[PDB]
Amino acid sequence: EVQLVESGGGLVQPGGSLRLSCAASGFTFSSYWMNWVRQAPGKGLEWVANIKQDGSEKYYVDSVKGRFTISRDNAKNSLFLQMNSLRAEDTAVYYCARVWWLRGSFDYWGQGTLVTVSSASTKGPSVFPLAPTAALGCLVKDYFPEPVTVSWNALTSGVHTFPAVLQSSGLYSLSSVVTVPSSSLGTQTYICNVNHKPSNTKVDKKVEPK
Amino acid sequence: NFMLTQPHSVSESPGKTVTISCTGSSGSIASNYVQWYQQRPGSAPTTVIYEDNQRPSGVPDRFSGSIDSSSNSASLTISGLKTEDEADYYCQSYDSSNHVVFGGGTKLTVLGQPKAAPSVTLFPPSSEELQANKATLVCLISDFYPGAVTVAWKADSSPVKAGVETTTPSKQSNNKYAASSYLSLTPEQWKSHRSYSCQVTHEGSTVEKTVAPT
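Read top to bottom, the protein sequences are chains A and B. Mapped onto the authors' numbering, the consecutive letters of the first sequence carry residue numbers 1 to 132, 141 to 161, 164 to 220. If you read the second sequence in the authors' numbering, its first letter stands for residue 1, the second for the next number, and so on.
You may find that some hints are simply not true.
[Stated by the list, open to error] Straight-line C-alpha distance at most 30 Å; calculated DSSO-like pairs for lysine-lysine:
1. A:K220 / B:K16
2. A:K123 / A:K215
3. B:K16 / A:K215
4. B:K82 / A:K123
5. B:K171 / B:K191
6. A:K216 / B:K16
7. B:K176 / B:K209
8. B:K82 / A:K212
9. B:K176 / B:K154
10. A:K58 / A:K76
11. B:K82 / A:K220
12. B:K82 / A:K216
13. B:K191 / B:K134
14. A:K207 / B:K134
15. A:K216 / B:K134
16. A:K43 / B:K16
17. A:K212 / B:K171
18. B:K134 / B:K107
19. A:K215 / B:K82
20. B:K107 / A:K215
21. B:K191 / A:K43
These aren't lab readings, by the way, just hints derived from the structure by calculation.
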């Protein structure tokens, strides 16, 4: 199979630098033009840069000119994107994409790598219990970056972990609730498993009715 | 200076037809080939139309690409709609300066379920949060279809105007939609009101829950 594997994405303060790499496999890398295209969270696709099959010529979107450098190593089947003077605008999932020819279709993509440019530092969440068939949950608050897994495994009639919100602060917040009979409250003990790996944060919280 | 513009959203019932336009700006749509990609949540884009009207192998013919030179536009027509067609669709081509121009994208929703009112749960701040000198109101919205809701907060029946954070609705595991809304407050501000209300309006019908400091 054709496979493009991006790597080297992460979090950077405004003004820093990051270098992406794309490991190509399953085709003659040196025969094809190569592209970088990014998609800011919940927004549209924006093409960043492309490079000729032999690095002879490179083209960039105007918003990255002088800041970004595309390059390739056809012997190691590698495509790179060197980013300097990174801005929060550049926050996106950056996709490695092969085009079938100079005016062809983007026929092969990678899974992407997430570049986050934020003045927010890596922060662990604050876990609060959402005290209450009744409903009760856990509130994962102010935490950076993503993701966080929540688990209650204490049987439930049903669980639903809601997608995180990005508050005006630049930090995220997440909620997860379960459904339980309105009398098992004072009897059963309900415990949520909050885990934030980017900040080495694992919290276990009994949710008790106030 | 070439530029492509798509409708923000489009919708229809299963088995009928939609047309997503890709209007070219400051250029000529017919100068360069036009491609169409179907990207879904959590996935990389895949081609449905390339070179104006060609269909990659396996793509059903319900997808059709055409060029309107008169209005300087291209269109992707999807007939016999299935719910699996629900995705984001992007057109792209090239300008004169060897640049790749992508379209803004179009959200296509296939309405294949009856209307469902949102289930709403409202939670007051916890004692552990107020002990940390904070106060967050958590409003949880679930099981509504289609996924268009608007959220209003109200402190002592007066609409809350600041400190609200609301997620864009997302499809659950049962094809319903779910959303969250947060009202961040101070312990001071929390204890100064007698009632708070999360009002969820869905298709002209409002579901609301009320909490009160104890």
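### Query
Is the hinted pair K82 (chain B) and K123 (chain A) satisfied, with a Cα-Cα distance of at most 30 Å?
Cα-Cα ~43 Å, so violated.
### Query
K82 (chain B) and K220 (chain A): Cα distance at most 30 Å?
48 Å, violated
### Message
Given the hinted pair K212 (chain A) and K171 (chain B), is their Cα-Cα distance within 30 Å?
### Response
28 Å, holds
### Message
Does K43 (chain A) sit within 30 Å of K191 (chain B), going by the straight-line distance between their CA atoms?
### Response
Measuring from Cα to Cα gives roughly 39 Å; hence the hint is violated.
### Query
Taking 30 Å as the top limit, are the C-alpha atoms of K216 (chain A) and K16 (chain B) close enough?
50 Å, violated
### Query
Does the alpha-carbon distance linking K220 (chain A) and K16 (chain B) stay inside the 30 Å limit?
Since the Cα atoms of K220 (chain A) and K16 (chain B) sit roughly 52 Å apart, the hinted pair is violated (cutoff 30 Å).
### Task
Given the hint that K216 (chain A) pairs with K134 (chain B), test it: the Cα-Cα distance must not exceed 30 Å.
Roughly 20 Å separates the two Cα atoms, so the pair holds.
### Query
Does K215 (chain A) lie within 30 Å of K107 (chain B) when you go C-alpha to C-alpha?
39 Å, violated
### Message
Hint check: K215 (chain A) vs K82 (chain B), CA-CA at most 30 Å. Holds or violated?
### Response
Between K215 (chain A) and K82 (chain B) the Cα gap is close to 43 Å, so the pair fails against 30 Å, i.e. violated.
### Message
Can you confirm whether the C-alpha distance between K176 (chain B) and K154 (chain B) stays at or below 30 Å?
### Response
26 Å, holds
### Query
Given the hinted pair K207 (chain A) and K134 (chain B), is their alpha-carbon gap at most 30 Å?
At roughly 24 Å apart (the allowed maximum being 30 Å), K134 (chain B) and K207 (chain A) satisfy the hint.
### Message
With the threshold set at 30 Å, check whether the alpha-carbon distance from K82 (chain B) to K216 (chain A) stays at or below it.
### Response
44 Å, violated
In summary, the structure is inconsistent with hints 1, 3, 4, 5, 6, 8, 11, 12, 18, 19, 20, 21 from the numbered list given earlier, while agreeing with the others.
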